[PDB]
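4 protein chains.
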Amino acid sequence: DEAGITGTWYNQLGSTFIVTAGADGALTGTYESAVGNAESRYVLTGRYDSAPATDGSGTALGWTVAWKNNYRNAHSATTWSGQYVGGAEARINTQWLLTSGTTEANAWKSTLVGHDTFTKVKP
Amino acid sequence: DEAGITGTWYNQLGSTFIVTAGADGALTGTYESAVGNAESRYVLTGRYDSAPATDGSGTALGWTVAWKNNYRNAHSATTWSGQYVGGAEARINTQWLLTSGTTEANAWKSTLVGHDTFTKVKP
Amino acid sequence: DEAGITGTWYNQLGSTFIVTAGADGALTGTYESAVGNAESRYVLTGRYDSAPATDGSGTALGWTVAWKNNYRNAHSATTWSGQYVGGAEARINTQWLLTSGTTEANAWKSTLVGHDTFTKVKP
Amino acid sequence: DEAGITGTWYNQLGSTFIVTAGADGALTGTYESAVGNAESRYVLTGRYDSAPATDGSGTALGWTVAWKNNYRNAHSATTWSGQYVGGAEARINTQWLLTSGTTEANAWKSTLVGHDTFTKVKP
Ligand SMILES: [Cl-]
Ligand SMILES: [Cl-]
Ligand SMILES: [Cl-]
Ligand SMILES: [Cl-]
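Protein chains in written order, with PDB author numbering: chain A, 13 to 135; chain B, 13 to 135; chain C, 13 to 135; chain D, 13 to 135.
If you're looking for bench data, these hints aren't it; they were derived computationally from the structure. You may find that some hints are simply not true.
Example chain B residues on the side facing chain C (calculated, C-beta under 10 Å, incomplete) [unchecked claim]:
{"#": "1", "residue": "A15"}
{"#": "2", "residue": "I17"}
{"#": "3", "residue": "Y22"}
{"#": "4", "residue": "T28"}
{"#": "5", "residue": "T32"}
{"#": "6", "residue": "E51"}
{"#": "7", "residue": "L109"}
{"#": "8", "residue": "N118"}
{"#": "9", "residue": "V125"}
{"#": "10", "residue": "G126"}
Chain D stretches covered by chain C per the calculated footprint, using a threshold of three residues with CB under 8 Å from any CB of chain C [claimed, not checked]:
{"#": "11", "segment": "65-75"}
{"#": "12", "segment": "111-124"}
Built from N, CA and C at the ideal position, the CB exists for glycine as well.
Excised from the complex, chain A in its bound form:
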């Protein structure tokens, strides 16, 4: 699912995930968020299972964006954890954790959680 994963994906919010899946298990690309303290593209890196099971299961993967680029720094990072599901309507189904840098006093409210589903057509 190297060929399955590589390309341009869009989530439910209208964000754009541009990724290359390497033969070695690497994910590399850019992320553009349609929401939050973000503008333009951000570097992403991650990993995927380059030898998934052949029993109809999805392909596990994850990636990170730190929300610093040449335009903005939101002092925060999101990780998406999920699986790719191949087929006519391919999907990447994820859950995510968005941690902000905080003082120790505020650390209890550091981390947002949510879920994004990515498709190969805007959605």
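Place chains B, C and D with the ligands on chain A using the hints.
Only chains B, C and D with the ligands this time, still in chain A's reference frame:
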């Protein structure tokens, strides 16, 4: 906190996180889990805020491991999302999401969540 | 949104959530899961904001099921945390945490996380 | 673990959880948060496994607080999902989800996630 982050870290379970923080915001290294369907080291990649706030807040970061190496493939990936907190007892405080590849029928039980705290001395 | 919330709801998996919202903020009812180690109905209790904002925001709420009834005991409990969104296609959008009782050794893999969306018509 | 659970508990933040475990699986009590948009006590309700396994596993449980009382309304609800672990240093180890009521536009940032550990002595 490039110099702060780079090095060897240990969590509460006795896992080993070996990371290099690049000037450009990259995290690269290896992870060895003391638990689960894992043996030896696994590639990791991630990102961190290379220009954190200077108001006493932590440094946001995240990374991914896909649990495939030359020994084992657990058809799963974990992402850690958290912040580095500098000082005498430096810490990386994370929450994580562990997604397994599943059938669509089993996707509701695909994802474990937990929390790991890393220190520079075993802990 | 007492009248909005009270009634029968269905999620994406085909589970059935039967709830009464009390004037005092209580949620009481039964839950029937279409998946997992479950059969028939389970007691639920929870709470909701009985005086939500009037600026178009949702109504925050949560509830718990312990997966013990007269038929089965899965030694586990789920909590749903979310918001009710009123209107023609009313919805309750949740994220959930499913904790199993474990030994200390296995506690790192105790907790599943996911997301359920409930509608007033099967869905 | 009815007798184990019933009583006064304290988390790492200095919050106070006062609970009664009923023979029927109910949890009822009050919660006082040391942080956030909160003052004084809030109603809680939840559920626990009233017939846990006898193999050394913990007792699964969960509860909800809606953050409305006679003093304040934060238009939000937290659910804690976790397990009770009996013994000399009894503990309840939880993960939590704090959902705020939001507009649809802001729903992606509705939910905080974290972890609380409760002990029978301040901690
Ligand atoms: Cl959804
Ligand atoms: Cl902990
Ligand atoms: Cl979804
Ligand atoms: Cl902790």
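Now the hints, each set against the structure:
The beta carbon of B:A15 is not positioned within 10 Å of any beta carbon in chain C (closest approach about 30 Å), and the interface hint is therefore violated. The beta carbon of B:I17 comes no nearer than 23 Å to any beta carbon in chain C, farther than 10 Å, and the hint placing it at the interface is violated. Against a cut-off of 10 Å between C-beta atoms, the interface hint on B:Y22 is violated, since the closest Cβ of chain C lies about 15 Å away. Interface restraint check for B:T28: the shortest CB-CB distance to chain C comes to about 15 Å, outside 10 Å, so the restraint is violated.
Annotation: interface hint on B:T32 violated; nearest CB of chain C at approximately 26 Å, more than 10 Å. With a cut of 10 Å, the hint placing B:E51 at the interface with chain C is violated, because the nearest CB-to-CB distance is about 16 Å. At a threshold of 10 Å, the smallest CB-CB gap from B:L109 to chain C is about 7 Å, leaving the interface hint in force. Annotation: B:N118 was flagged as interfacial toward chain C, and the flag holds, the nearest CB pair being 8 Å apart, inside 10 Å.
Interface restraint check for B:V125: the shortest CB-CB distance to chain C comes to about 4 Å, inside 10 Å, so the restraint holds. Against a cut-off of 10 Å between C-beta atoms, the interface hint on B:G126 holds, since the closest Cβ of chain C lies about 6 Å away. Closer than 8 Å: that is the beta-carbon criterion, and the segment 65-75 of chain D has 10 residues meeting it against chain C, so the requirement of 3 holds. Counting residues of the segment 111-124 of chain D whose CB lies closer than 8 Å to any CB of chain C gives 9, so the stated coverage by that chain holds, three being the minimum.
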